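Just the one chain here, the form solved without 1,2,3,4,5,6-hexahydroxy-cyclohexane (INS), laid out as structure tokens.
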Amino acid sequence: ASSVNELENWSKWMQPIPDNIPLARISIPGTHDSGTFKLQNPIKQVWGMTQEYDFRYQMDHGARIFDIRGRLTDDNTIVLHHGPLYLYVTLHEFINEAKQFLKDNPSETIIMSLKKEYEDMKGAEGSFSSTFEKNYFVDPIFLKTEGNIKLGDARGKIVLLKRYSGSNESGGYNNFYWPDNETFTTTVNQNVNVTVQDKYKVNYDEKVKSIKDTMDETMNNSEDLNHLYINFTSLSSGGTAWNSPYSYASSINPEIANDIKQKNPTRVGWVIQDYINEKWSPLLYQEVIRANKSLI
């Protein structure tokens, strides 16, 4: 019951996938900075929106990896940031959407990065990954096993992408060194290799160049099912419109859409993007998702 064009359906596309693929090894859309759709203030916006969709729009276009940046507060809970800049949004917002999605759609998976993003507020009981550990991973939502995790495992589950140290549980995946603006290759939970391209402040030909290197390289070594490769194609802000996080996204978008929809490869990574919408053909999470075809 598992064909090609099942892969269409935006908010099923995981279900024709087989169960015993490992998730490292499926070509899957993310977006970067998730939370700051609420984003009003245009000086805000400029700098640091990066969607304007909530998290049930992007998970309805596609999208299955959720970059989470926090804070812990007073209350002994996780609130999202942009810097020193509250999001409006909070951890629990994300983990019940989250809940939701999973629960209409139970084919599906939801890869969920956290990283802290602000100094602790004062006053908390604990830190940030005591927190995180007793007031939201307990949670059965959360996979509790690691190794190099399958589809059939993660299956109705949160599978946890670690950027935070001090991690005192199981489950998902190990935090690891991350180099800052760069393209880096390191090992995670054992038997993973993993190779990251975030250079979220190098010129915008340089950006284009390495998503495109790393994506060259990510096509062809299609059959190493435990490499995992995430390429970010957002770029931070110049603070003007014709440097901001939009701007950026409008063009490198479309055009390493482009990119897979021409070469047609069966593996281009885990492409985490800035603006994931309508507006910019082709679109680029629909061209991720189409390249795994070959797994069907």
The other form holds:
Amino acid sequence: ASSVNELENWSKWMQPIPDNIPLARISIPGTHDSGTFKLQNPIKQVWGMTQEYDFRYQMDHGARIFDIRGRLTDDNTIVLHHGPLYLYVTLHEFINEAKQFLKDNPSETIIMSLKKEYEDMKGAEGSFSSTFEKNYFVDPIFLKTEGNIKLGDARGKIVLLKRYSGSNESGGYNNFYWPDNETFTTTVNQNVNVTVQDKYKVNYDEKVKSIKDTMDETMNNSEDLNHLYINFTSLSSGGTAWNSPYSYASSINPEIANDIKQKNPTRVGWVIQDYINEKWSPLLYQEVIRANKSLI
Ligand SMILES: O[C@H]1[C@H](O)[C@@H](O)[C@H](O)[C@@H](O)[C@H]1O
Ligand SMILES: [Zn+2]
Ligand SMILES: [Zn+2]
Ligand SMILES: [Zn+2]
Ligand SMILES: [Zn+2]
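Switch from the form solved without 1,2,3,4,5,6-hexahydroxy-cyclohexane (INS), shown above, to the form deposited with 1,2,3,4,5,6-hexahydroxy-cyclohexane (INS) bound and output its structure.
And the full complex, kicking off with our chain again.
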């Protein structure tokens, strides 16, 4: 029993999508620097804040991909950071929130990108990868298989997207060379072609066109089941009120959301945005989710 309207329940939108559809094919909203929502100091915010609400709000609003940046501590734990700044959020904090969300909504899956954001603290008994694997990944909540991961196998679990080196355990999407500030194409789990638009520090106009260009490619290659498209709409801070991630998101989110609304495509990729909220219309994450209508 699956209807297109079930995509409108932002907490269970993946439910109507078939088990055999690769996550790569699905158009999924994601949040950039997901754990920066606790930053209070205006100076820290203008430079590194990318979200206003916590993880559950993000999830309840359709986001299923999270950009987690961590640092290994002397306590053999991983805490979230933005460069040298501790975000007052921990990795366990995110996983627990994800666990709760998945328990409440078992039809969904959570894709967690994990990147080492800052140098390890002195005193850790191991490495970033060995500590994450031993104290976190062992948890049954993490999918342990790879390949072109299908939705059915991911439901109720966290799917890892590695952005760190040294992994020694199978599961999720393998780490791959990720060039700096570019739109690039490469491969991951042997059979998945990946294209990423991550020009995080280009001028505003270059960024908008970059997002649209990669989305245009995605919309016209909608039947490529083993191709993964990740499109970051986020743009790094200029350090001022008129060029902070917030100011940029205020215009980019509605702009790109309108592109999808007008075009009404069957695929737009994994769209990772800053500031998921309901302040700007059309809502990007909603339009991204609605782009899965043809899969039902
Ligand atoms: O500041 C940037 C931005 O967060 C990009 O999205 C990420 O891919 C880069 O690694 C980071 O340096
Ligand atoms: Zn929290
Ligand atoms: Zn300590
Ligand atoms: Zn392809
Ligand atoms: Zn809301």
